[PDB]
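Visitor: Fit chains C, P, A, F and H with the ligands to the supplied structure of chain U, relying on the hints for placement.
Letter by letter, the chains look like this.
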Amino acid sequence: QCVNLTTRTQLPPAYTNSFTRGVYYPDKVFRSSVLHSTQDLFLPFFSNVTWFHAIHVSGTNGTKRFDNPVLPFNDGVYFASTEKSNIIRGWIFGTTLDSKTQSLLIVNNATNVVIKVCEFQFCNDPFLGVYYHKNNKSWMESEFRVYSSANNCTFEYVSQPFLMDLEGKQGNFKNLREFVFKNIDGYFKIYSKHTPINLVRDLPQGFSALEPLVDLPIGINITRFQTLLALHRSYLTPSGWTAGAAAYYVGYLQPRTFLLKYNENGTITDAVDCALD
Amino acid sequence: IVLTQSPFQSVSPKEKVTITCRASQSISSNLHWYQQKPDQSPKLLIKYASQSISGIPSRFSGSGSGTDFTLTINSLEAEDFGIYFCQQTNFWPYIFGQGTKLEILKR
Amino acid sequence: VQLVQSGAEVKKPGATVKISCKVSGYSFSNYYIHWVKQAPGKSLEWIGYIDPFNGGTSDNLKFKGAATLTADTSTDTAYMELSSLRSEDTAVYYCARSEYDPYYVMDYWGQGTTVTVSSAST
Amino acid sequence: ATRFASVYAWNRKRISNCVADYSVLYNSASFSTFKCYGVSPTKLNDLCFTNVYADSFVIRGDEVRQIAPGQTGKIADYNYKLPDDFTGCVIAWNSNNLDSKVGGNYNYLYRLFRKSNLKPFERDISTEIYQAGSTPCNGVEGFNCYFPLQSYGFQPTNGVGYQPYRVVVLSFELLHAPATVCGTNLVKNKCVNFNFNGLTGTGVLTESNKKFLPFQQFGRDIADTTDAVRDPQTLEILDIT
Amino acid sequence: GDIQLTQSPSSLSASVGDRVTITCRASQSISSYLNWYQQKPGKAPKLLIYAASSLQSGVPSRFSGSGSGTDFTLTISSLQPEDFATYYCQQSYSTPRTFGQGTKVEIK
Amino acid sequence: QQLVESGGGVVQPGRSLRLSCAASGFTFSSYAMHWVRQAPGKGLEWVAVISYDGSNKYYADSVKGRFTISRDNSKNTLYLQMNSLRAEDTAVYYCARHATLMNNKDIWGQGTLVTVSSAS
Ligand SMILES: *[C@@H]1O[C@H](CO)[C@@H](O[C@@H]2O[C@H](CO)[C@@H](O)[C@H](O)[C@H]2NC(C)=O)[C@H](O)[C@H]1NC(C)=O
Ligand SMILES: *[C@@H]1O[C@H](CO)[C@@H](O)[C@H](O)[C@H]1NC(C)=O
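Protein chains in written order, with our numbering: chain U, 1 to 277; chain C, 278 to 384; chain P, 385 to 506; chain A, 507 to 747; chain F, 748 to 855; chain H, 856 to 975.
Careful, some of the hints might be misleading.
[Unchecked claim] With a straight-line cut-off of 25 Å between C-alpha atoms, the simulated DSS-like cross-links for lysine-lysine are:
id	chain 1	residue 1	chain 2	residue 2
1	F	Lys787	H	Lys897
2	A	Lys580	H	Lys960
3	P	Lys448	P	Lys426
4	F	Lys851	F	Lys793
5	U	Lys100	A	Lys519
6	U	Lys261	A	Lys716
7	F	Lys790	F	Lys855
8	A	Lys519	P	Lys395
9	U	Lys193	U	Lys28
10	P	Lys406	C	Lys314
11	A	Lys607	H	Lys960
12	H	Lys930	F	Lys851
13	A	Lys549	P	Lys396
14	A	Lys717	U	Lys261
15	P	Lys446	C	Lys320
16	C	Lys383	C	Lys291
17	A	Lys607	P	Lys446
18	P	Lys426	C	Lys314
19	U	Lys189	A	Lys717
20	A	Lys717	U	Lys28
21	P	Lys426	C	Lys378
22	U	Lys193	U	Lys261
23	H	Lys897	F	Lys793
24	A	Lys621	H	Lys960
It should be emphasised that the hints constitute simulated quantities derived from the structure, not laboratory data.
For reference, chain U alone in the conformation it holds in the complex:
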């Protein structure tokens, strides 16, 4: 496969300000209405967050802009998206983005996400292709439009889908979805959340608590990555690609000391950075 459409586009990365955001639970220990303080990797408040767009229509007619770059992992990574209609599935996290290293391949193929830690060959323009089988009338997902080779694989896992819809809501939710990715001490841990948002694009003032999903033996350093996509085929109209619109949020983590206020039920609301001002 490795079908590719770079479609490079100009303009500066549109930034934003994470007000109170990216506060997960950095322990399993249940605490109630106490102020706990740790210095750990987080996304510090009032931070510069890049509102990127994987597919971006700027209207004249059509003009879908596929920009999503390979991005360094740096210290840690934060992620956020709305995507009432999912176009986002997983991420390619790795180092060489090639063989010679392992590869973190998260595919939330409906409905069983098959997390994969393997050695792949990722193409120049990787993303998940989706088509129509005509047998059983089902939309399959061609997974090798992402990567050519799959071999040597070190690890495999399956779970209930992290990406989840609700819909029926004609908006007013947008189903804002956040995922935090932190790679330490042999455990690369995943965090999640689902939130309604009525605002047009950017984030509210509310706090988002992210529980750890799975704590997995990863043992690889991931210095760079890119997201994944779900596109399809169309048929004769004046091939089809770039289903809907796609945009998401990315910011990098950083060691900071937060004071954590648990609730009577252990639901952290107020967190405060010490070094902020």
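Guide: The following block gives chains C, P, A, F and H with the ligands in isolation, referenced to the frame of chain U:
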């Protein structure tokens, strides 16, 4: 996969005696029959349930049908009798016969 | 032709006994060795089979004495170590010559070795 | 499993990150030749492993004694090679009621020749022609050269020595990697030493109504003591006093 | 040059219960690399003997091969009413392979 | 288990006609495969080999017409293009295998007629 034997078998010289080896559920055709003289090492009478080791007189036979394996000795003699065993075959461990003491009357 | 078994043992409960089965009269690496116990008033009991050339342990759990069989190939001996001796471990121990191939008779044995596990002294 | 391959292309399954059910292995007891190494089979229930290799194949009822770590004969010479220093167990039983079929079973194969003895644990799927004599056959068959592979002949008309064994071999190791594959009743209101999930302490365990979030493990108090823990086997909130 | 085969006789009209020896001779010394085939005219050539001295599944010992070197022998015994067909020998010693010209055993 | 052949027919001389033969039951891949010829009333004459386990192609020099042979291994199929035709090659062909003292794999196709003539 456990085998069952009958506790004691009471017959006299010249009469034929049949001592069963009865295994729950499946059997393996092969089976191994053992003659234990009191406080003496049992000696193998029947190997494979179709053959007797060299030097073993011809009154000694073995066989099986269905879930059963018979030790069948013809023309008994007062010299011969002793407690009889079978051994299961394969199936991970071999459960040895509970044992059946052969008594011979007419003394 | 010859499996010679070490003298009888008497050991206090929970203790250990290793008994030897020495071999002669055939080719010692051409035959597996079964170890068989028989209790007071009770039947033959197979604890395990070993290999002369390698490990062969397929110990039926039965009475759990952490049993390990070792072959010393130089002397053509087979060994049986039985730990956590229990009041019902008091029984005669036979070693049994088996075929190297999947066939499994014991045609020739040792003579038996009695081990008494009793808190009472000899 | 329903379908084991032959020994020329034996299947290998790297297994880790799970728990061992070693009990029913011994409780199976329908298995012809079941031997082990490393340390005793009763001892291996808990003594556990970083990364195991479960590889299986089907061989003949006579050649299985060739399968032993450090022996000779065809299966260990050119087909499948146990190493010089080995840990695992050889598990062997008959599958005569499945494999050997009337009308003949010739699905199964093996390699009969190769120009060297086989390196340990490395299969040989290369079905090219070996040239025993010096006359080059060069891919096609001919003289001084034979075909590499051969079938077995399985029918239930075979004797007991010619019955197919589905030999599965388990091989083990130990590394800087942790034991990724590895094999007490609750007391309420009693001073009792304890361990939960490796967390250790001594306290009085009681029923408690404080309500965790699911992913959580411990509770804690103001003083960084371990105040409340959740029973892993049956989820319940247990105080520690 | 090529390896010549010599199949003799190239036909033999036979009767019930015979023991026909269909000879395939060779121009060179071939170890055992010779075969035999059943062909009723229009069928597929059903292999009878492989390596000139070994029987085949489905084919009982009414056929029986032997010979080596130059001389190879088809030992048909107790000739059956289905065995009357066109048969063939076969080298596999060198390249090119040649086959015999055929021997049609047929009802007298 | 089974071999199927491409369609035979009447072809003018000097032309070319690719021969397809697909396997079933067990693969082509691990074995070799052959072609042989039977003219009506004539003996079975070997034509050409294929050897997938390396790669090599041998032809009969008796009929040396560059009848090219190669594979479609992933379809268990084999292709020999009838090149440089001449009328005495008008015959039936078979897909073949030789038991070379090791195997018993001699499996034969159904047979299709190649015809080399200007008269259809
Ligand atoms: C993390 O992966 C990076 C590879 O991207 C490794 O960092 C490299 O380290 C060498 C020095 O040994 C530098 O010369 C390279 O420039 C580094 N890479 C980059 C991209 O800057 C590093 O080894 C890995 N982590 C660990 C703990 O080894
Ligand atoms: C964030 O970017 C703005 C420009 O959009 C710049 O003025 C500001 O200094 C930056 N701050 C940080 C912390 O990156």
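Visitor: Is it true that the CA of F/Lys790 sits at most 25 Å from the CA of F/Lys855?
Guide: 22 Å, holds
Visitor: Would you mind confirming whether the straight-line C-alpha gap from U/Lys189 to A/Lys717 stays at or under 25 Å?
Guide: 24 Å, holds
Visitor: Next pair to validate is A/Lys519 with P/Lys395; report whether the Cα-Cα distance is within 25 Å.
Guide: Violated: A/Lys519 and P/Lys395 sit about 46 Å apart, past 25 Å.
Visitor: Taken at face value, is the distance from the CA of C/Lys314 to the CA of P/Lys426 at most 25 Å?
Guide: Distance ~14 Å between P/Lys426 and C/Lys314 Cα, so the pair holds.
Visitor: If you draw a straight line from the CA of A/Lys717 to the CA of U/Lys28, is it 25 Å or shorter?
Guide: 13 Å, holds
Visitor: U/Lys193 and U/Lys28 were given as a pair; does the straight-line alpha-carbon distance stay at or below 25 Å?
Guide: 16 Å, holds
Visitor: Against the 25 Å threshold, does the CA-CA distance of P/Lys406 and C/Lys314 hold or violate the hint?
Guide: Roughly 23 Å separates the two Cα atoms, so the pair holds.
Visitor: Does P/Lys446 lie within 25 Å of A/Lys607 when you go C-alpha to C-alpha?
Guide: Distance of about 37 Å is beyond 25 Å: violated.
Visitor: Is the straight-line distance between the alpha-carbon of U/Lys261 and that of A/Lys716 25 Å or less?
Guide: It holds: about 17 Å lies between the C-alpha atoms, which stays within 25 Å.
Visitor: Is the Cα-Cα distance between P/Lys426 and C/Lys378 25 Å or less?
Guide: 12 Å, holds
Visitor: Measure nothing beyond the straight line between the CA atoms of P/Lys448 and P/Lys426; if it is 25 Å or shorter, mark the hint as holding.
Guide: 18 Å, holds
Visitor: Would the hint linking P/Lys446 and C/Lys320 be met if the CA-CA limit is 25 Å?
Guide: 24 Å, holds
In summary, the structure is inconsistent with hints 8, 12 and 17 from the numbered list given earlier, while agreeing with the others.
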